[PDB]
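So this first bit is one chain, no partners, the form solved without its partner chain, shown in C-alpha cells.
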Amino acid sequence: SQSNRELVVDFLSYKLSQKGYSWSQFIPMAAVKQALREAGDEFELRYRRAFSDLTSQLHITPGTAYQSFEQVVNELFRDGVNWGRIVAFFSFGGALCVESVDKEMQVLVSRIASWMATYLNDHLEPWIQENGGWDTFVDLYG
C-alpha cells in the first residue's frame, strides 16, 4: 500500500546510512521496520556476495525499465515466495541502490524504490497476506 512504499523507503534509507552513503535522495509499522533492518543485516552477514550476478544481469542505467528489474527479481522466487526470499528481495534493492550511488547515478535510487514497492505490492503481498501478514513477519524475525 502506502504502508509498503514506506517499508521500502525505510529499509533503503537504513542501508544507505549504514554503509555511509546519503539517504537524501528520497502490528505497528515501527516494529515491522526494525524487524526488517535486522533481517537484512543478519542475511547480509551469511552471504556477502551481494547478488553480483544479479546486479550484473540487471546492470541498471537510467534507460532501464521496470520490466527488466521484474525479470531479474523473479530469479529470487524461482521456487515460490519465502520470508527469507522477501528479505533477500530487500537486500537486493539495497545493493542496487548502493551500486547506483557508487556509479554517480544517485537518481536511480528513488526509482529502484518505486519498483521495489510495485513488486512487493504486486508479487509479494499476496503471499504475505496469505501466510499471516507482517505480524507473522514480526513473530519470526522481530
Second form
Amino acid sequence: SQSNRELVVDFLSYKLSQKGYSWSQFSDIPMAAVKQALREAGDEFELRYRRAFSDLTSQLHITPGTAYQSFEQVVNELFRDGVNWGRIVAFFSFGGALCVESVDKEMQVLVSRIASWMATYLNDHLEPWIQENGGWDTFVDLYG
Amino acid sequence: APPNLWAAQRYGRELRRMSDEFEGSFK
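Since the structure above is the form solved without its partner chain, I would like to see how the form deposited with its partner chain bound looks, so please show that one next.
What follows is the entire complex, opening with the chain shown before.
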C-alpha cells in the first residue's frame, strides 16, 4: 500500500521536524485521524520508555554498514512472537528514533533507507495482521 | 547471528516487553 509508505513518511517527518530537521532534507476511514493517532501513540511510547531511546546509535553500534542488519534484528525480535498494536507503535518509534539520531551523527544517508525498510516491513509482515484486525481505523478507536 | 548483532536482539526483546505492557494499557 502507498498509504502505508505514506504513514511511514508522515511519522518520520513528524519525528524529524520535532528535532529541527526537515524530511525533505533527505528525500527526493480517513488517514488524517490515523496519522494523528500514530503520532500521539508514538510520543506517549517514547515518553513512557525514554530509556529505550536514549543513545540508540550507541546502544546498537549502528553504522551505515550494520544499520540494516541491526534494524532487521531488532524488528524480527520485536514481532518474533506475533503482533499487537503496541508492538506496531514500538516499531514506528524505533524507526523514528533511528532516523533522528542518524542525522544527529552525520549519517543522514540512513534516513530514506530506514523509511524503505519500514515500509517494506510494514507491507510484507504487518499489513496482513492489520487488515485482519479491521485496518488502521481499529487502532484509532482502541488507542485514544 | 554473530555477537555484533546480539545487542540488537536483546534490545528487540526488551522492546517487545515494553510494548506488550503498553498494549495492555489500552482501553
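Positions refer to the first chain, counted from 1. We call the rigid core the largest set of C-alpha positions that still match within 1.5 Å between the two forms.
Once you line up the core between the two forms, the Cα of residue 42 stays within less than 2 Å of where it was.
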